[PDB]
Each structure stands twice: as C-alpha cells, then as structure tokens.
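Just the one chain here, the form deposited without the partner chain, laid out as structure tokens.
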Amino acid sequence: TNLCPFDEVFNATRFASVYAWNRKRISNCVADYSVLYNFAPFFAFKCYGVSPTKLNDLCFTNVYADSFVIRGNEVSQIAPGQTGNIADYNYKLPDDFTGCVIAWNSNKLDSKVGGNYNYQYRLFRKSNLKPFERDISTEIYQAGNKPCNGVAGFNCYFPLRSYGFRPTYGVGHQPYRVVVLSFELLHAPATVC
C-alpha cells in the first residue's frame, strides 16, 4: 500500500501568495485522482489537453502541483492565452499547457474581521512574465525618467499590494484557493505511474 501525497497540497493549513507560489514535485507514487473529488463543490474544474475521465492507461514521469490564493474575479485568468494582472505579472501558463486547474471558495478560512493582509500580489512589473517564472524581487518601480532612490512617491511605486480579505464582500471579491496540476513525460523511460 503506497498512496500518493494529495492531502499535503490540497489540505494545507495555509497556502502561498500569488507572486511566490509553491511548486511541489510529485514522483514515485500511485495517482488516485478520485480523492480529488472529496471536496465535491468546485468553482472550476475545466481541464485542458486531457480528458476528465482519466483513462486508466495513463502513466506520467512527473507531476507538478502549483498552489496559491487569488480572488474570484481572477480565476478565469488562470488559463492558456489570457491577460490581466495575474497572467502577466504573477503566474503565466504556456500556450501548449498539458494538465489542468482546480479552484474552490475558501471564505471560511482566509477571511477575518478587520482584514487579512497575509496575501499579496504584484502590480507594475514593467514586463510580462515567461511561462513558469516566479520573480519574487521587491524593488521600487519607476514610470517616468526621473530616478527613484529608496523613496516611494509621485512616479515611484511599490510593486506589491495586499488583498486585505474581509468577510461580507461577495463572490467576486472573495477568497478562492487554486491548485494547478501539470503532467510531464520526460525523455527517460517511464517506470512511475
């Protein structure tokens, strides 16, 4: 009996931030995707490249689980070929993506009276990200041609802003936990299924 760690990426006490997402490399395990349906209500389960039916004759060399926490209005940005603040400065997906996303509402855990400022996102990067790039650097962003030296003002901005989640917002501005699974078939012969 060798189960696969699908409760250490789905049942964690606290997730990461959007700009500093966690990547976990699953290998050497027996993948039981049925337990993924243990939650049952899913805000989104659209799956790209493969079939949701999970044909049993499918073996993969490696699996990557990327986890973070966004708003409800930004879930549609986690898809191949989109644009916005999350798919340009925080988390980018390749156009040839193989794998899929799972999002679910998390208002009872990540919302606090007075605000929850533990979740941050990036704004003003000056350049779009490339697929699967993290970029956790924090430096003052200049928009004009006047140098900025450690002072945030007029045309000098801080790139990181907080969500400040509160209860009683509404589905659009309410916490949503997202985990994306990617499947890799490396050139080496497959022995892990």
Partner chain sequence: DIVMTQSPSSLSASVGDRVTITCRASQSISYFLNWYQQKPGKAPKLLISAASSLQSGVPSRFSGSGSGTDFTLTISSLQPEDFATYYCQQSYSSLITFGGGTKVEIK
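In this text, the rigid core denotes the largest set of C-alpha atoms whose superposition between the two forms falls within 1.5 Å. Residue numbers count along the first chain shown, from 1. Compared with the form solved in complex with the partner chain:
- In the core-aligned comparison between the two forms, the C-alpha of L185 is the only one from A20, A12, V171, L185 that shifts by 2 Å or more.
- Superposition on the rigid core between the two forms places the CA atom of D57 2 Å or more away from its counterpart.
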Given for the second form:
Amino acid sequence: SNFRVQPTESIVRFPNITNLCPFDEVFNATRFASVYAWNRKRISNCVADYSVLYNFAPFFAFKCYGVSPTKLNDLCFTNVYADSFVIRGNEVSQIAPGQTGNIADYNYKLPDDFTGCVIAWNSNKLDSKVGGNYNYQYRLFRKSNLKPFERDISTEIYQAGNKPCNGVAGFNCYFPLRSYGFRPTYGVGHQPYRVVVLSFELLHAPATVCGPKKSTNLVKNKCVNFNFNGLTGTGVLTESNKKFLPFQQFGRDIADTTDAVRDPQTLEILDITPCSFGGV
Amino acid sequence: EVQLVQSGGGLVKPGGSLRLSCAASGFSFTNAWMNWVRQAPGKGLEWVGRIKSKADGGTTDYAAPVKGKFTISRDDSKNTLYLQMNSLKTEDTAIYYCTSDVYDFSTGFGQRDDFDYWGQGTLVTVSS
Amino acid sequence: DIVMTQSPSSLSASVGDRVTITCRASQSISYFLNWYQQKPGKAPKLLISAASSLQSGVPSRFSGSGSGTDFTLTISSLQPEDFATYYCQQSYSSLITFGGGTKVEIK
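Given the form deposited without the partner chain, state the structure of the form solved in complex with the partner chain.
Everything in the complex follows now, all chains and molecules, and the chain you saw is the first one.
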C-alpha cells in the first residue's frame, strides 16, 4: 500500500464580515416585478444565511444548478444577483438553462453555464384578483431571442409583415406585451407563481458573500485540513516569499492546483504543501 | 404635461341623457385605462365604471347602481373618453371625474388599477 | 361588492403631529388598496399605491403599511397643507369601492 500522513486539525478562514444579507427584502416584498422587466438586485459584502430561505412558504421549486442547497452555507461566492418576477404555473419549467418558450426567448433567458439556484412558490393568495390581476405582463413578440440576463422594456409596436404600422396596432401589427389574467379560480398551471433566481459566481476576485461558517485560529507547520473562503483542501501551510501583487489572491501550479493562498483576514500569503506521502 | 379636459356637463330633466367627454393629452391614451368617478355633493367618492385599453380587450365594468343605465365608450383616434348616461333619476347628481390608470412599462412595478391622473371634474345636475 | 370602512372620520391634529388613519376591508384584499387626498374644492390626488408604495411627487412624510384586512396611513409630521379628506380605495374586486372618507382638520 501507500502511506500518508493524516490531518490533526481543521481550520476555516472566512472574511471578518458582520452584516447580514438583505434576503428578507428580496423575498418578503409587497410586490414583484413583471417578468418582462424582472427586478435585479446586487447582493455583496454580507453574510448570506440561507437557512432562513425556507421560512418563506412551502417552496414549490428550489432547483440549484452547479451547487446543492444543503451545502449553500459552506460556500463563499463573490457576487450574488437576485432576479425576482412573477410567472404562471406551467411556465415555471422555462426558468432553467437551455430552455425555450415565451419566457426563455422574449422575457428571461438563463445562460447555458448557469450556476446558482431557482426558487418558485405559489402566490395565488397574494397576486390574484377576482376581476383579474393585470399588473403582470409578458412579452409575446420580438425580432430575436434574448441574450442571457438581458432585459427588454421596449414597448414599440411589433411589425411582423412588410406593411408598416405607423405606430398603430391592428392586423399584422401586434402589441409586444400581453398581460396575465390571474384569478383565484384559475388552475394550478395558470395561477401566479413568484420566482426568485440567485446567480452566484465563484473564485476570481475576493469573495464578498459567505455562509455563517465560524473562522478558527490559523495554525502553520502542521498537516491540517483548511478551508479558505470555500477553498477546501489538506496540507501544511507555511510562510511565503512570493511577490503576491495586492490584487492577487491565490496562486496555481503547472497542474492548476492551488499552491499559494492569501489569508482572508490577515492578508498574508501561505504556501500549501501536500502532507508527506509515498509508497511502502 | 398630462391634461384631461372635460366637457358636456350640465343640468337635465329627470329621464334625460347627457354625453360627457374627457379629452386626454400629454400621455399615450391607447395604453391607459380610463375610469369614471363621481362625488355626490357633500359625500364621499363613488366609482361609476371602467373601460380597459384596446390591448386588454376593452371590456367595460360598471357599478351596481349604474350597470343598466350608463355606457362608457372611448376613441383612441382623438384621445377622448365618453360616458353616456340615460334614464336618470334624482340621485345621479354629482361631480364626475375622468381618471386614468397609466401603466409604467419601464420600471416594471406598474399598477393597473390606480387613478394616476384626474380630470378637473364637471358638474351634472338632475332636476325638474 | 366589498364592504369597506374607515376609522376614524373626524380626527384632527395640530402642526407637527402624528396622524394614523385605519382602513378595514370586509375580506382579504392582499395589497390592492390605494390612498387618495382630496382638498376642499379640488380633484383628489393619489398618495399611496398598493397600500405600501409612495407615489412620485408625494412628500416622504406619508407612509403606508398593512396587508390582509387592516391597512394604515401614517403622517409623521403634520403640516398646514396636510389638512384634507383622505380616502382608501380597494381594487381587489372588479367592482371598485371607495372608503367612507376621513376629514383631518385643525384645532
């Protein structure tokens, strides 16, 4: 067999951040934007506690692409983008990477490389009128499909055929937007659903959002498990002589393996050396 | 500037008919719902009816006391809204306002059933 | 139709005072409630939309809150130009009904 050294301690180094991310105002909002003009909010420089997310209704969908919900408290993303809107029931399947349809093409398109989470919950008791909730509209006609995360709020009359419209609707000249008719008596596939899309991006720049993972003391010259801003690994941390430029955070080897890391708190450089190992 | 000039108000005998007009300017009349609201002398506001935009089907809703007597019409050509009332009684006297339900297509948070802009109001009196 | 009641209907206060107007609906109307201000001899003006959103051009001293069957309009610091009649209007149903009307006067 092959002998290896086993770790003795586990250390976590997270940024010294106290503020709590404003997920309550994103989720417990009085109104949600229309799908064609979905509301985008930037979340950064705060501690993101997702353990409270489930505290807003019995989630109908919590599909996470690239990560898992149970692990969301152990990661350190860089920027969070929260896009909130309202759609219908059967249309909720269109909010996913590599999808097609009315919402995917003309309202909200998710890139194929999407990494994040999608939340949808039924909101028939909030966004339905017995006479019809006409506050929510979706685009029905466009020249071409949308680029990922592109918002189209134009309301110009759509010209389909060769006949000019001159700004007057009618045959061959349809109004681009069509309004939802949410009612309390509609079917589940037609009832309103509130959708919040979180778009994480990892690595690169220093992480500004992090989970509620406590940071322990930093120990060097020992074979330990380490977790630097979501970067997990095993090895021995040692002082570095590297000319790490101020912006540079971590260094890579020939095999693109993290070999030097900048401590998120002390802003000091640490070389990572794999624990002694070999064959017998 | 958004303006809603009204005309056609006046006095009428019981059982008569008048044709109120409300000409809109300064905004896209096509995309805005138009509602009629009346205020009895010394009383609170009462809702008369509503006509939706042509892009939403143009269905017309009326209050219970005025369902079978009033008729709300619109013409996008001259950006004008019309309220036709017939078979009046002594209880229909009030100051009638024409109101709009402009929808903000840009921001996204645009209400559709809020009286954003109001006309100056015209006085309609029913007497012998 | 939905029965809609205001409370109170004769409240008065002086300048630099806090005023709260309560508006109760006969059934759950979610957030479809609007607050209007009518000065004597003038057309009404929209103040609060969706029962929690300030309208553009309205001073920040007007605030809306509540949901379900209870709504409240709060004026933090009353002003000489804030004496008027306030109406709460529901849009949950197709038959829109206004409130009873609250008159805010001076002492």
